[PDB]
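Structure first, then comments.
With one protein chain withheld, the remaining protein chains of the complex are depicted in position.
Chain IDs A and B follow the sequence of writing; residue 1 opens each chain.
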Amino acid sequence: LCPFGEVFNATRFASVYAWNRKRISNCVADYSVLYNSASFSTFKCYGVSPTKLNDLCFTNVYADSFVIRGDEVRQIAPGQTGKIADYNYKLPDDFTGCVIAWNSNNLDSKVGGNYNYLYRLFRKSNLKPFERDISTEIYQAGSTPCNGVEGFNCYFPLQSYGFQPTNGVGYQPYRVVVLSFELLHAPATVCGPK
Amino acid sequence: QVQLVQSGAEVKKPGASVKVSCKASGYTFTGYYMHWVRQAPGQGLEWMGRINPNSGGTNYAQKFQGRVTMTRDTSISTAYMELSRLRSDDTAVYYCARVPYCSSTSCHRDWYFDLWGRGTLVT
Partner (left out) sequence: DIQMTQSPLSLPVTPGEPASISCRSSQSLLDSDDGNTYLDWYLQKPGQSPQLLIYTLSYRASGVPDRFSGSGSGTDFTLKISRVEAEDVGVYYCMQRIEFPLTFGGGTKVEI
């Protein structure tokens, strides 16, 4: 019933540094069209079982969608480190959810190089689990402060992906959706066929 | 075929303004800072300024501040440099150079001019 059409086959995905979060509740989700979709590159699931996703009922399910480079798909997993696993989007140590990634080389790629996707490569400290940073303040590297002026020892903390059709498989864009489950005192609301 | 295409020669009267375009071909435009360096006839190279394609923030020299405006267009991957209040001393060849954005953990050690355009003559 709930719309897994606004999350998976949507028009335009968001960048990794601003990952789109959608809350879903009061649903009966049919996961035979997801687990056995035969179209997804990675369908990893931690803390839960893909064969038992329809068994346990939860209060809320959060779907976080973004686009990352192909070789960085492995970084979306609990207890990972890397340029995108601590500065853009992190998963909690005790994570119970699923990570679903599929290649998007036929949509998010242009002959001149799509420049509308960004990732952050600088931060004063790592990210706490499930934290979104949008600030474009200039990162400080040296001891001499710089008041909003770029230069040596002062950089812009965002870069764009050089997506092109001729790129390799590892550098091709990949759409990643993370489904996380919340079960608190409020009665459980979402689970599939009984 | 990895190249930087520049605008043709421009003749401008004193007191007017000149716009020079540098278009990237064969590489990712947003992976490189774009610098503008001019060479007057009989003089050495002079550095004008730089633009970051990602943010649009620009750093100019003190001499050219208040006259030079640098803009970027990612849809066509072109950097434009516009100089206002032209004089007789601005008659020069303007080259656009590319600089690796960040190739290390310092992003300060890779900042060389690894590619130069063919230049545009402004009179």
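Just so we're on the same page, a residue touches a chain if its C-beta (ideal position, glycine included) is under 8 Å from a C-beta of that chain, and two chains touch if they have at least 3 such contacts.
The missing chain, though absent from the display, is touched by one residue of B:85, B:87 or B:109; that residue is B:109.
Although one chain is not drawn, its touching partners on chain A can still be listed: residues 142, 151-152.
Although one chain is not displayed, chain B still touches it through residues 35, 37, 44-47, 59, 61-62, 95, 106, 108-109, 111-114, 116-119.
The criterion applied here is as follows: only the chains that are shown with their structure count from here on.
Computed from the mean C-alpha positions, the centre of chain A lies at a distance of 36 Å from the centre of chain B.
Residue ranges on chain B touching chain A, taken from their complex, read 28-31, 52-55, 57, 59, 74-77, 101-102, 106-108.
Within the complex, the chain A residues that touch chain B are 112-113, 115, 118, 121, 136, 141, 149-153, 155-156, 158-160, 162, 164.
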